[PDB]
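Chemist: Residue-level listing of the chains:
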Amino acid sequence: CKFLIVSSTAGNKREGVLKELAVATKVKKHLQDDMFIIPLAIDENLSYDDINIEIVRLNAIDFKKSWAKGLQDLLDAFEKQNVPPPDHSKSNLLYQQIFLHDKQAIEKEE
Amino acid sequence: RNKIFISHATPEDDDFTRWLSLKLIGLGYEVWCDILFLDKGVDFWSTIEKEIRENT
Amino acid sequence: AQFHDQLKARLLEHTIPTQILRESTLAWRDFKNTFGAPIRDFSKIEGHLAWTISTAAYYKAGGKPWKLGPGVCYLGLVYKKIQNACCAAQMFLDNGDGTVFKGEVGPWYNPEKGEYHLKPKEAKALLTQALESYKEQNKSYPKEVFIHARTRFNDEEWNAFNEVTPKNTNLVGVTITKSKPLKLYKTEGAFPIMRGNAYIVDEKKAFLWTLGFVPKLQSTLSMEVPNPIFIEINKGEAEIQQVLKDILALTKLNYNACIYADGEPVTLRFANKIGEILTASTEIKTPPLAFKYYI
Amino acid sequence: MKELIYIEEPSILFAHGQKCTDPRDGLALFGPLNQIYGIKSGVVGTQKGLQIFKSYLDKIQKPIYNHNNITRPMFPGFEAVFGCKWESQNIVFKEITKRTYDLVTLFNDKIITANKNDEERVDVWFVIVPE
DNA sequence: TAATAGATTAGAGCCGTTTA
Ligand SMILES: [Mg+2]
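Residue numbers (the deposited numbering), protein chains in the order written: chain A, 58 to 141, 144 to 169; chain B, 2 to 57; chain C, 204 to 272, 276 to 288, 295 to 507; chain D, 1 to 97, 112 to 145.
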């Protein structure tokens, strides 16, 4: 439904993110909706200049200061764009599946 | 064509424009402000043109 | 030397949360050793620093950062040398599952210079204060009173405790000792023993590694080699596994910082802090008793 | 060869009823239990101390990264973690321009007069002590 | 009163910031 692209200094010129952004703009053109791709600018050193052409045309969300204000911008933009019962238990059970698999107490005699 | 457009300096003058827009919507008039109604992740200049010369 | 504690003691009369911040902490870059790196090298911990103080602020602004997961009143008491002054810190679970983590204050004065044991009258007063605090919070008397300290409980104070207590209330006394020289290493890996392991010595005594390697952090709560804390059930009847689990839970209440866990019970640490603050200045009737005025 | 039992690490609860192990990850994932609306910061100190606290608060609003992030998790930001405003532009400042006793009484009197006389409410006073 | 130990107890200080 939406494509948030991180717009840090490293994340705006790397090859993989560039190709993902390119196919994102292609599917945006296919979907004929301008409310698809959202840049999240987080990096103090990276100004609104020097940013990639493929995202320079679009309106970024200011995550440079107070990441939570950018989070609120993301939330009310999603509500304004009809982006489709919130349950934090899903994230609670998902946090240790991926982020804690090399970091756990596995049974082994020591 | 039924819309009101308010242009302003973005970094400095926001409180006045926000208050003016809020009062205008309270009065029933439809308004468009870049710090209130300009969507995120959208070509801002193209939408400003559309609002200015299409519905204003 | 006694600047912070006496500031807080003088501020105890009029209830105002306060946080003391040394200028060398907030901006450690500009203060230097005059011949190289700054005096307080906080580069590796700056974000962690920005964590801890934030929680401290959020703790002293009336916010509850986290709860714990009934009918058990933990009472950790610590002795202060001046005459001796015993000051305690209590916690339990409210009927709404809220973590009541107030104190047990109004320090009790044992006149002996080195007897870290409360007199029968002072022990009775401390215990009954804890029981009525529990009564007014949970509407009922506690089912079990897990009373712990860094000192062994002598016979006369134990008798005072069990005569001031009411019926159907089992209280067990626990002794926590730090710096006990049992340096258990790990033969295979280069990282010390993982945190949470317990070596049982007796049905009443054991060594618990409340600090050490944390699998979740891929590192250690303690530099060098961890020092297990000795947990002994000197008084009362309780299961040592249950006591170890409860004390591991109590090692999660460190609201004075934001750290995965601390090596000693937070009840004892906070009782020590409030006792030092109380002994810093003159006697004050009915101290505030909530830790936001001390930590 | 004595057997070492294991006590499962206790889980601390957070907002919405979710429990986590590390206070940092739990705070940055679900947030604190109760919500306060913000911190009315009070500063008691010299002008340089106020400037230092101002700068550090402004840095606190934005994320700060540890040198090693896997062991000690980073700070997403106070507004990101706790969800209550602690901006630096809402500070009640009190400037200061037996020796320990008098140094203590200076800040004590400042806090007493600012909490008694001043109309601005301070959730918690931060004694920014020089060095 | 002094001393010689062990067991506990308590303070204070002091540096590093948890091996990737
Ligand atoms: Mg503290």
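Do not take every clue at face value.
Unchecked claim - With a cut-off of at most 30 Å between alpha-carbon atoms, the simulated DSS-like pairs for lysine-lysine come out as follows: (1) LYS19/D to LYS267/C; (2) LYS162/A to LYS267/C; (3) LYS59/D to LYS19/D.
Claimed, not checked - Here are some, though not all, of the chain D residues that point toward chain C, as calculated from beta-carbon distances under 8 Å: (4) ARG24; (5) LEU29; (6) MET74; (7) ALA80; (8) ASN90; (9) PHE93; (10) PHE140.
Since the hints were made in silico from the structure, they are not lab data. Each residue gets a CB set at the ideal place from its N, CA and C atoms; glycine is no exception.
Chemist: If a hint holds in the structure, say so; if it doesn't, say that too.
Modeler: Comparing the hints with the structure gives:
no., hint, verdict
1, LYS19/D to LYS267/C, "holds, 14 Å"
2, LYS162/A to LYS267/C, "holds, 28 Å"
3, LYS59/D to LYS19/D, "holds, 29 Å"
4, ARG24, "holds, 6 Å"
5, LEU29, "violated, 11 Å"
6, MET74, "holds, 5 Å"
7, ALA80, "violated, 10 Å"
8, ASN90, "violated, 13 Å"
9, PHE93, "violated, 14 Å"
10, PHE140, "holds, 5 Å"
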